[PDB]
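First comes one chain, alone, set out as structure tokens in the form solved without its partner chain.
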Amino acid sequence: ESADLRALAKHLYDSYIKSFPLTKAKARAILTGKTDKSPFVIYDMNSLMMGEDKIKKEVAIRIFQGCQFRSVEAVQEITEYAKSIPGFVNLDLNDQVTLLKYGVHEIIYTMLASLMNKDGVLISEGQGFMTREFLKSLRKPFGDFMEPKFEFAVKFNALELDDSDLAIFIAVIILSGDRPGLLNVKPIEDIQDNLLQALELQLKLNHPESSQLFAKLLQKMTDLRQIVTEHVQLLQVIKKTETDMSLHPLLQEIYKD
């Protein structure tokens, strides 16, 4: 039944709303200009300095730590979402762990697009906006931790997915049976099969004009895995140049690979 597939879509969206406080629909309204929601914009060093008057070491390192602590919170949100995916909690525990390990960054980058346009990124739950140019002007190697994410986001945002669509898509990502070290691949793939079915139907119904959106969206997984691999190499660089800089343990355990 299509109807079981719709009930799954409905369940996952419902769970997405409950897990991620800043949705795409909120993010767009803030970016588009829909009076009370307007972000303070950070574009230079004085602007950033002033930003702490109302928004919530060294500048580039302070930014990078902010991004770290934010990534940690998003892991917690994504972890809470994953538990809602039917069957995920019933899987072997080591695999639950493994699927989060490989899935969580791919999700962070997918959802972070929702917060981005061509000229910058929302911060502090939408209260701020930090320009692309400001981030790109940052002392090397930090200069371009963010540029690939912008490049992905402008391409990805042109698919025009809304939160409904994304709730099913990020569920597909977590439950990838091709993750390294997985003990029982088969139960994971049967869940994903079901999830892929749900996504396909949801896109057909919600984007009836958008030809082969399902395939176009699945092909984006490639862009996501490229973004992760480049990040990790960048992290290796920082750990050696910035020997005085500390990485959150949670994050270190994900990257251990």
Contents of the next structure:
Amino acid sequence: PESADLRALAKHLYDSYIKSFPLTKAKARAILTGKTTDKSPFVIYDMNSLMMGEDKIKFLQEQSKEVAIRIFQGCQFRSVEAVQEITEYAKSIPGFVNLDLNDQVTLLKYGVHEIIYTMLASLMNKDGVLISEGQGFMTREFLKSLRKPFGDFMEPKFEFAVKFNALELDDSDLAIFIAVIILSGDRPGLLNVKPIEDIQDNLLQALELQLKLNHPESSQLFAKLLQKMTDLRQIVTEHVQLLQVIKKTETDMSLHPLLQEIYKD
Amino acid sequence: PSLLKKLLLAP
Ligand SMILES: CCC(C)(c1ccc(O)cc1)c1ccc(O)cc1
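Now that we've seen the form solved without its partner chain, could you pull up the form deposited with its partner chain bound?
To see the whole picture, the full complex is given below, headed by that same chain.
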């Protein structure tokens, strides 16, 4: 009756999830653990291996920029792609496209980055991150070696990733979890909160049922994810703070317009 | 001027 509908919803969200996001967590873990028969990644652990694998595992390449800014700029454009993938997914959530268009923008403005970090964990282990649709692996250590402005820019996403990955969620749990984040009825500037809260409540129930059936032995996996949602806010907060340090302490800082609009806050 | 809005309106 109501639960059968909560399972149908969970499966719709998963089917749309697999459409919007090519590199699933299942595939990413298959590569990180070494379980794929379809090739293997190129490791970038120092400045020399970056050069050899620069044109490799890549997303007019003559930038003449410092390695730190080129990496950072590489991050910008995977985020640009991800913002588009998240938007395609958010529009597949039943009832989203019927929201006030300006409320949709607000939900995406304050939600994309929370979801990018969540899904970024699926590509991360304690040693690095899968990059370029699984073609490359960038060591966490190599990212800290960067200059002091950009050296503590990815470590935060690593700390959260290792902890979030301890929960052992799959693509089904993440599909609903992402939908709940997007449908937050407490995003600043929303004009019609109640219709957003009604959707999230129905999503939270599908998530709770999803977790009980999928992780029947992991008691309190729901209350743990509700806390992670709160963490993701402070994590993005500290992230936006760092960006303004760069924008203020760094020159020659080209930023993609889509991120300028999202970051305007 | 909203890029996010143009993304939201595309099919
Ligand atoms: C998975 C790709 C990755 C780690 C990234 C970074 C930030 C983000 O929000 C999404 C993805 C990336 C890509 C290019 C690069 O030069 C450095 C890092």
